[PDB]
Amino acid sequence: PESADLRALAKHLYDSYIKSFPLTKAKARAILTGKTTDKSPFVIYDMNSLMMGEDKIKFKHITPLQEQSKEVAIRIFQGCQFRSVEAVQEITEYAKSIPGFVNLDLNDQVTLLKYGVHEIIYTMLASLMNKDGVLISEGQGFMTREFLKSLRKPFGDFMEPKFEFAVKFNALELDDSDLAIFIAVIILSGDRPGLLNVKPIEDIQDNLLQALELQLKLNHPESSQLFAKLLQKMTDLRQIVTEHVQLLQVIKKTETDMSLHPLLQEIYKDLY
Amino acid sequence: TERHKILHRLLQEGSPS
Ligand SMILES: COc1ccc(-c2c(C(=O)NS(=O)(=O)c3ccccc3)n(Cc3cccc(C(F)(F)F)c3)c3ccccc23)cc1
Ligand SMILES: COc1ccc(-c2c(C(=O)NS(=O)(=O)c3ccccc3)n(Cc3cccc(C(F)(F)F)c3)c3ccccc23)cc1
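In the order they appear, the protein sequences are chains R and G. Per UniProt numbering, residue 234 is the first one in the first sequence, and the count goes up by one each step. Per UniProt numbering, residue 684 is the first one in the second sequence, and the count goes up by one each step.
It should be emphasised that the hints constitute simulated quantities derived from the structure, not laboratory data. Just so you know, not all the hints are guaranteed correct.
Unchecked claim - Derived DSSO-like pairs: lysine-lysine, alpha-carbon spacing no greater than 30 Å straight-line:
id: 1; chain 1: G; residue 1: 688; chain 2: R; residue 2: 386
id: 2; chain 1: G; residue 1: 688; chain 2: R; residue 2: 486
id: 3; chain 1: R; residue 1: 485; chain 2: G; residue 2: 688
id: 4; chain 1: G; residue 1: 688; chain 2: R; residue 2: 291
Construct the entire structure; sequences and hints are all you get.
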């Protein structure tokens, strides 16, 4: 194609992205930055403030999922992994809206999400982070980087990579419009392990890449290399996920008490 | 269906309820 159709694609995708993902990057940035009206996240920066915070958010999950009885490094990890599960569900509903996705072989639909969801989650996490911490509870609280950096032993070394990633990624100044298509392009990757019919996936992705190229031209006319930088980010995100999987599977042997939601167990099962 | 029972159910036409 062809301008009006690539623009109607970009628009379809943004409209779905807003229906699928509760806290947009625009609203997260408004929060992190100061503004809105609608005024000002609770901060977690020590044990006392963590416990004050947990009392604001606990109604959110049924009683067992609070894991009261676990040391805090593990509750925080359990809380992220459960928020990640909620992410997979939003991404799945997002993916279903990508023209052509639901007409793919169902087994391929599963493979695209299996291999896609972690890279997407890293991209979403970046919209919630600045140099100083991370928005939590759908933007209602803010956990400082230093607090997370002070968790015991294994855990306290492991957020800092998320932070350095986000800082470089957020320096691209992508808007939700850009992110909607960037995300759709990651999902429709034709080179995931075990795909049955690669061609119809590449064919959709080709349309998506043309919509993304047009979107960045229009929305970032002052950055001619931005498309290329974004494709490079997709490679970075693969390598980051690789690292993460390999780490999980060496840490989890030490950290009895660490448990994966079964949705994530199926995801990690043959995942590289 | 797999193997990826949950994911397969999420992929069902529908919409969470
Ligand atoms: C207790 O400290 C934490 C807590 C969470 C993480 C962390 C991590 C994290 O796992 N990073 S990590 O370096 O690979 C790591 C692995 C194993 C134990 C601790 C840390 N991730 C990535 C991610 C994406 C999808 C699914 C998951 C999992 F299922 F494993 F939870 C994790 C995050 C994504 C969002 C927010 C936080 C994270 C790292 C350290
Ligand atoms: C009190 O225990 C908590 C409180 C907050 C969080 C928490 C959270 C947070 O939002 N979690 S939360 O939904 O409020 C939650 C709290 C307690 C149990 C389950 C869920 N986040 C944001 C986050 C984590 C993983 C995935 C994403 C997304 F996919 F959108 F990108 C966003 C964190 C990020 C880094 C470190 C901690 C978190 C985790 C545990």
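Status of the hints after comparison with the structure:
1. G:688 <-> R:386: 35 Å, violated
2. G:688 <-> R:486: Distance ~25 Å between residue 688 (chain G) and residue 486 (chain R) Cα, so the pair holds.
3. R:485 <-> G:688: 23 Å, holds
4. G:688 <-> R:291: The given pair, whose Cα atoms are some 28 Å apart, holds under the 30 Å limit.
Checked against the numbered hints listed earlier, the structure breaks hint 1 alone; every other hint is satisfied.
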